[PDB]
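*Asks:* One letter stands for each residue in the lines below.
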Amino acid sequence: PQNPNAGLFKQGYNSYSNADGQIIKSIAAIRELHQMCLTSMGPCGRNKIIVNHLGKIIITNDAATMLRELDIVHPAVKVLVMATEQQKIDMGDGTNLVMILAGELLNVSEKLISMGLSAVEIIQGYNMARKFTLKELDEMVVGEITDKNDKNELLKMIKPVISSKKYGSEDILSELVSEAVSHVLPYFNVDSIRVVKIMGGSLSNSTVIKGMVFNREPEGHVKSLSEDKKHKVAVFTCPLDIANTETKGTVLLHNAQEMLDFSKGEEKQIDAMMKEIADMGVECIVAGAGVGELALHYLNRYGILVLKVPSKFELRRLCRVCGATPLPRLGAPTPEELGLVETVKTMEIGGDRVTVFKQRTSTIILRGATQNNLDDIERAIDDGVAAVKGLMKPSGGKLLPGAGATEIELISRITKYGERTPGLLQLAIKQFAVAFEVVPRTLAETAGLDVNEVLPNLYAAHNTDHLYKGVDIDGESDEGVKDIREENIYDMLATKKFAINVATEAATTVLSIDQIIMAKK
Amino acid sequence: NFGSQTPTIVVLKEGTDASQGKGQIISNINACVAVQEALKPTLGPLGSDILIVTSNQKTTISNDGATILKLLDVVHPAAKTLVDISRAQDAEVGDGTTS
Amino acid sequence: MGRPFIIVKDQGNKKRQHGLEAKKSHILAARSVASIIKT
Amino acid sequence: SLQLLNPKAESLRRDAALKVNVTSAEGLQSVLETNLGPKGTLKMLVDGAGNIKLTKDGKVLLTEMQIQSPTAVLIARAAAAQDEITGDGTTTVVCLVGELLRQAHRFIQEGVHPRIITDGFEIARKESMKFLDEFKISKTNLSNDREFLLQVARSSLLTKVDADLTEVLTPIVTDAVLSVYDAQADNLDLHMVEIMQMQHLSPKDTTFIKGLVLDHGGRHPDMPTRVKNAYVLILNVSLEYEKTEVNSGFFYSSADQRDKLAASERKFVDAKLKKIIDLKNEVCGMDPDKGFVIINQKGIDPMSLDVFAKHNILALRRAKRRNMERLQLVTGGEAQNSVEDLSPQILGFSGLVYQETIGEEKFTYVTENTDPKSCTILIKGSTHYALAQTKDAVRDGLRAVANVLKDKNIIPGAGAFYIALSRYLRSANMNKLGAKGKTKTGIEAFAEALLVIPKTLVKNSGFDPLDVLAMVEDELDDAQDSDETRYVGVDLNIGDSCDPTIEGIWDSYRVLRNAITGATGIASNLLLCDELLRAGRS
Amino acid sequence: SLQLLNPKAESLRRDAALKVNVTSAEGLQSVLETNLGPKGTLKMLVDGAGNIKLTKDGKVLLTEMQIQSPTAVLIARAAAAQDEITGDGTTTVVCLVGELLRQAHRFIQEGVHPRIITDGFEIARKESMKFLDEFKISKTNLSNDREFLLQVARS
Amino acid sequence: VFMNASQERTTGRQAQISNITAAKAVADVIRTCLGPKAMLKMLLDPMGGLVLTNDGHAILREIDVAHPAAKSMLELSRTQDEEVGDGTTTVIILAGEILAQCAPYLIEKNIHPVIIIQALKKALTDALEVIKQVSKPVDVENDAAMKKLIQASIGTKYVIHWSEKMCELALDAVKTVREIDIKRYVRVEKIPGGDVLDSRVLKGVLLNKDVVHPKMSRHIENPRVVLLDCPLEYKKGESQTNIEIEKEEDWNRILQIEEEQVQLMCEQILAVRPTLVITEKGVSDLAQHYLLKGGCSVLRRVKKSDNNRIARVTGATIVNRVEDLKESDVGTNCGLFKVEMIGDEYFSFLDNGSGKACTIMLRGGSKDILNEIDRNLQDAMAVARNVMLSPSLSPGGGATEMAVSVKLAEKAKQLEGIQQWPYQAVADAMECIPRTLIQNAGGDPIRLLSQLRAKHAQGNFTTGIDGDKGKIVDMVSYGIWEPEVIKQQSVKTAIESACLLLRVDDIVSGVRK
Ligand SMILES: Nc1ncnc2c1ncn2[C@@H]1O[C@H](COP(=O)(O)OP(=O)(O)O)[C@@H](O)[C@H]1O
Ligand SMILES: Nc1ncnc2c1ncn2[C@@H]1O[C@H](COP(=O)(O)OP(=O)(O)O)[C@@H](O)[C@H]1O
Ligand SMILES: Nc1ncnc2c1ncn2[C@@H]1O[C@H](COP(=O)(O)OP(=O)(O)O)[C@@H](O)[C@H]1O
Ligand SMILES: Nc1ncnc2c1ncn2[C@@H]1O[C@H](COP(=O)(O)OP(=O)(O)O)[C@@H](O)[C@H]1O
Ligand code: BEF
Ligand code: BEF
Ligand code: BEF
Ligand code: BEF
Ligand code: BEF
Ligand SMILES: [Mg+2]
Ligand SMILES: [Mg+2]
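So the protein sequences, as listed, match chains P, O, M, F, N and C.
According to PDB author numbering, the first sequence holds residues 6 to 191, 201 to 373, 380 to 483, 492 to 549 in order.
Heads up, the second sequence is in PDB author numbering, so the first residue is 2 and it goes up one at a time.
Heads up, the third sequence is in PDB author numbering, so the first residue is 25 and it goes up one at a time.
Heads up, the fourth sequence is in PDB author numbering, so the first residue is 2 and it goes up one at a time.
Heads up, the fifth sequence is in PDB author numbering, so the first residue is 2 and it goes up one at a time.
According to PDB author numbering, the sixth sequence holds residues 6 to 183, 197 to 370, 1054 to 1056, 375 to 532 in order.
Isolated chain P, as found in the complex:
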């Protein structure tokens, strides 16, 4: 017996040709991770516990985070993974919809590839349908709410985004989010809101502080002018110690009259450093760099609090709350560059001696039991935190009817563009629609409802009060749907825009290939 070779030009490879590794073997390898986050979509979706390359546990509802924490091989699978990472950096939300669309866009593409359509045919047909989906979306917008920087409107907007990541308490969380954002708004930096998580209590025990939290050791003594109020602040890049030069500092002593005078002159050398700062009426010095033991001694006597440890992160986010300006040159403690803080005390949380900087930049102290879960609800908070920054920048904040209503009106409207086009391309546009059945279908499948009895009851009620109707959870709603206009359930336009666009690119680009070539490890 025995078989010959085909061609030896390379060092030892594998080639996946005839679009096989694309038309079938790729779609099904994507389906494996499509079914994964299919059961993580929405409030009824389940979290997944992922133990990484170093044994550190991570539990997430998020598709992008859950996919970032996995080690992936299949190249065409990797394509939709970078696409979920796209909408993570560029919107924060929708990461689960990137996947669910692109995954089905290919899943439902299998019936076309086998029908007799070309690869270039489905690509162009999906492009002609995406460009229609985005156009027919802009004319379904409700409540372009832009009440300056309103605190009551932020709460209505964030509630649904938080709800579908950690359904436990959408109310108790988004109140913490909105309140921290309310202390910053007078472009609304994602970075202007910081999160500190420390174990103890419940998720309700959590608080919002109009400043900052430092888990560093305070030095000399704690400022009790805190009760009296109006404390002055100064920041330094330089170390609070005798200023050495960058070039090797040698101390050449010639006469014995130098020894006494050097050491005792050193005493005064930095006492005089400290006095030029005390005589400016400063009550708190925040050091990023080091502090000498002689220097803290004189500051200790001058009745001034010291806060060493900050890296460059803090020196900038503390700068914005107190309103100071940090100077590297220790010789210029200007009154026009000082800060002002309402309270700087040693509030002990969970047993840790923590320094507070309350009352700009704000800090939420998320408290709980498991240091594990607290990590995830920080990502839930960061979803809405980044959802707020996405309202401000673009001219229109805008609103869409979520829970499926947006998706089902799309199934109807995209098919309407389907039947208008004749030609061979018609089918690619029509299937592009059927793929949108996944968003409500997975919402139903996560709730444990008759997929075969909800979808027909949801379409039927959507054929202008029909525009609002989208799927709901529970036993009375086991009958069907809910008027989404009344439950305060909306997702934003800019969320569904990046999603449906990146998901169409992701499903197109894997359809562009028909020969994958891979090298050994």
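If you're looking for bench data, these hints aren't it; they were derived computationally from the structure.
Don't take each hint at face value.
Under the rule of at most 30 Å between Cα atoms (straight-line distance), these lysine-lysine pairs were calculated in the DSS-like manner [what the hints assert, rightly or not]:
(1) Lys141/C / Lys153/C
(2) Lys409/P / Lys224/P
(3) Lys44/F / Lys20/N
(4) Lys71/O / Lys53/P
(5) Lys14/O / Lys83/P
(6) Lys76/C / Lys116/P
(7) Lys262/P / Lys289/P
(8) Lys131/N / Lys15/P
For chain P, the structure is supplied; the task is to place chains O, M, F, N and C with the ligands on it using the hints.
*Replies:* Here is chains O, M, F, N and C with the ligands on its own, set in the frame of chain P:
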């Protein structure tokens, strides 16, 4: 095509453990039950004490739940919740750790 | 309903003396220590 | 899609399956064109034992070598089905499949569905077969042309052995076939074919014996060496001590009873011996000229050898179980089995039987027979590598002359037949059908593909193959415009055009009949494949 | 003869050397013709690190891959010399040596000295070069044609 | 241990996928072996032979498959061949796209398997009634109308080139074994070389044996034939007989009993005025002398199965006991006995009354490609034997299949509910044969399925695809009609298949015993 044999593109890297559905949920509960069941004696006035010898010959005797669950190296990721659940109790209260 | 599992770390290298049959092995241990010195 | 069903399964898919098949056939033909015609070159082969076989024969290389390529082992099966059914042309099939796949491949790489060429192969094969029935020359073989048949041995032997060994084997082959054939149109080759080989002298020492030279002799020293007028006896029933098929063991209770049984066990044989001598006395007693000879299929006991040497009989034991029949067509008498139903009307006669001894081996001759329909080619040869080599030359000529008798036709050689096809098939493509166009290319290849034999003969010749081709192509058009068409092939000596009818170089019908239908059948099956699969139990 | 100077030396001699070279060049044009023109197809490449390169460019496949065939590595260097001095036409070169070796092999297998076809290559090249000077259309690029130069990017 | 360990459990949708995946990728290795434009997948077997054909079941048969769902799929083309003969390719492609078009689209929409099985079981009872109403009954003995049958069923594999001869060889083989037939009384002795135009069904049997004695005739005009189920040497005591010799004379008397026992046989054999004697067991070197003097050419050691074949042609009956050889047991009306020589090897012919067994002599271009013709003739002789039993003929070439499509596409809409989804996906499945027939041709499938489906609804049952063209053709005017039982069984088992594999939700591996 170059190869007479072209295997199959892998979803995840070899040596990746995956668990789905009812198996998963009920396995995680049973795993937790195990940690609990062994900590159940130390409760109450006539509670039993545990003698743990760690991997480094460190011999310890205790009734302090957080100390027992910490000296036990829990690897199971779902049963590591019970160590963090007891740790938080020692942090905010001190007592209850076992309970 | 049977999965080979990892509760504690290096579970294979951990032996467990249990209940009374442990106490016997503890007292008799001290006992032997005693017989060495009692003389 | 296949790789799921079996993790460790070799496969060559799509257009690679074609390539792998074509490169291999193109290759087998590259290892087997050094053999084509007398212009070819002898190759020495040594198997793992150390045994030196030494032949230019096509089927020889193929059976003597380990074949690994699957597409290759299939082509060597058409070569075998050629040698077993025709005798000659085992090389023509290989490179006809080679240049047939090579020429068909040039169009498929241009973008033609194999099936299109496949049909163009068949439609050409059908035409080539009708052409052949019309191209042959009808030699009146029922007239047994003494020297025309001498020029079919001389054409087929020259392509296997020497210049001066062929002039020796030529008559010996021809005179053999002629000494078998009957007016009732029969030729049971295997009988008058007895190829006997001898280790001594030289391969140019081979002698034709119009009788039968055997591989044994008189096992007793006192037996006759020369028997002047031999009545030959053809027996088969064993002349030896044999125990009973039902358990024989006996009992005796006297020191005498031993001996009076000791002959009682030999009596059965001796009573079978009696009836022989009773014929050897009733036929020889009266004639001191007439001798009596036995050639026995089964054994002859040492007790019974002293018997035959006594009554001056020439006994011969354990002859080949086929030689019974050969001797019947040598002397005349039918081969008897039993001794008890034996008459002198059954004894065959040969005018001379003599025993030549060489070292320790003995050769019993059967000469000067009154009328023989079976003969023997006594191949003499010094070594051992030649004794198979000069046999595999005689075979490829003894079956080659018998094809001129079996088929009442023959075809002029030097590859004139192929050239004529390549000219005819190039013209009548418009004529054959006004064909499907696509079909036309398949012919266009198959047609120009046949030109292998000519070219690969000029290649072997040394002369420029494309040049002597065009030379025959030129001198043919000279007769095509002159009306009377005379045959033209390739002269291998001078590198010029020539007439095979004049030069006396011929080529059998059945050879070229089962050459084309075999090559097309295997090449037009190797194209049509799209996968090469390997799957099965460990 | 050679085998006496080095016991462990690999060598393809006579007609085999020619066959190896052509099979290889025919082969390297067989793996790159999938790229020629807009009708061509997009290929995904993943290196041992896991990095996704995704290009139809000829010089891309040649740089991105580990070439083993010595006759093939020589043809890939022509493609380099193309991209480095021209920018475009790195696929044209490969399958022009393929079909060039392929069409010339059809004659050497029949029984023609390669040097005979080599001169016929050069005497046609010199001719192909004189024809090019006479086949081109002179666009007045000193006038800078706004939309004509737009149809070269578009091509 | 708890269970046994070393056991890979696949459960739920996870297990379901594995089965549909494999079953559909089974169809994949044969998709390009359907119809006329189909190819030849050349196969390397384990111990060194070679097989290269189209005959669906002969491709799969030489493939080793591990994943049970494909082991279930392949051993399912076996049922098909062992019932009809042709259609072994089709069965698996349907088995696949019943599981493909049906399952994933609807098993991944939460529909429970057991409802689907009941839904697909009704779709068969319906599908069979459709095929039988779109078919047309045919004259089974209109010798020339039956050649159009065979002409169509060979017009697939490499044998097309000589259909005209093959159909005559197929039809004439089944004609002389017909009260109903068994095509295993038809030895198909393959002889390398010549050409196919040399193949000739012999109303008789061919043997590879030569006459055991030279003097015995190699040509008998009208031979009276005796067939023997017993050896032609002296038998032994089956009772472990042993002889104890005492007297001097005893030896010769016994040693001749065996010489005589044969003469007692030969006297009894020759007593039926025979000229030919053939035995299943070997013949003695003394038996030939008494059968030479009897004038009987003797044949020794001939296959047990070749005897029942000869005895059916010659008309003589085979007897073990020589003692009771009767007047009936002789070969009346065998017209000839010869030993013609086909280049080197001797073959014994038996030619020329009421035949009921037959030998097909085949000639080709190799011993290798001969097998590939026998694989075609076996598929030819099959389609001829089907029809004589089931006289009806389906209008094939994708047409019978498309018929099942829109008949089931109407029935599904008129059913509604939940049972409709699986039911409307067997209708989806049927069109897969046209789909692959457009493909293997090379036309645009969607463009031609469109002008097929709708052009079927009001355009007759017999509207299918022409292979070589790749266009719609009324199969009445063209001449491609497949026998009715093929279309019957094909749809029967292929569904029985998809409805066996759907019941699987769990794969436990490492079971033992
Ligand atoms: N209270 C709710 N009830 C029903 N559906 C909701 C609710 N809140 C959000 N959703 C839906 O959940 C989807 C968001 O899913 P989620 O798990 O947050 O992933 P992502 O935001 O990355 O798409 C939205 O399409 C929205 O319509
Ligand atoms: N003197 C000759 N001149 C030209 N051609 C010859 C001559 N002798 C033999 N041939 C040709 O050589 C071929 C015989 O080739 P050979 O080496 O015997 O291999 P094969 O086994 O294929 O016959 C025949 O085609 C015959 O026409
Ligand atoms: N629209 C078109 N129609 C026909 N031929 C085209 C078209 N566009 C480009 N081509 C041809 O395709 C070739 C471009 O090949 P390309 O894939 O760019 O590889 P390269 O230029 O590197 O060889 C050019 O020779 C050009 O003549
Ligand atoms: N010339 C043709 N054109 C179109 N369809 C054909 C033609 N010949 C046969 N068919 C169809 O294809 C089937 C034969 O294909 P084949 O490869 O033999 O599959 P199977 O082995 O299952 O019979 C027949 O049942 C018939 O319906
Ligand atoms: F999956 Be998301 F960004 F709530
Ligand atoms: F066991 Be405890 F911490 F009271
Ligand atoms: F090499 Be051959 F069969 F004359
Ligand atoms: F692929 Be090229 F260099 F346009
Ligand atoms: F290819 Be088949 F089973 F006629
Ligand atoms: Mg979300
Ligand atoms: Mg307590």
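*Asks:* Run every hint past the structure and note whether it holds.
*Replies:* Outcome of the hint check:
In summary, the hint linking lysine 141/C to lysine 153/C is supported, as the alpha carbons are separated by about 14 Å, within the 30 Å threshold. Between the alpha carbons of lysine 409/P and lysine 224/P the distance comes to roughly 19 Å, so the proposed pair stays at or under 30 Å and holds. Taken as a hint, the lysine 44/F and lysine 20/N pair is honoured in the structure, with Cα atoms around 23 Å apart against an allowance of 30 Å. Restraint check: the Cα-Cα separation between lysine 71/O and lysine 53/P comes to about 25 Å, which is no more than 30 Å; the hinted pair holds.
The hinted pair formed by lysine 14/O and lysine 83/P meets the criterion: a straight-line CA distance of about 13 Å does not exceed 30 Å. Of the supplied pair hints, the one linking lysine 76/C and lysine 116/P holds, its CA atoms being roughly 26 Å apart against a limit of 30 Å. Taking the CA atoms of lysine 262/P and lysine 289/P, the gap is near 28 Å; set against the 30 Å cutoff, the hint holds. Between the alpha carbons of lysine 131/N and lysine 15/P the distance comes to roughly 38 Å, so the proposed pair goes past 30 Å and is violated.
In summary, the structure is inconsistent with hint 8 from the numbered list given earlier, while agreeing with all the others.
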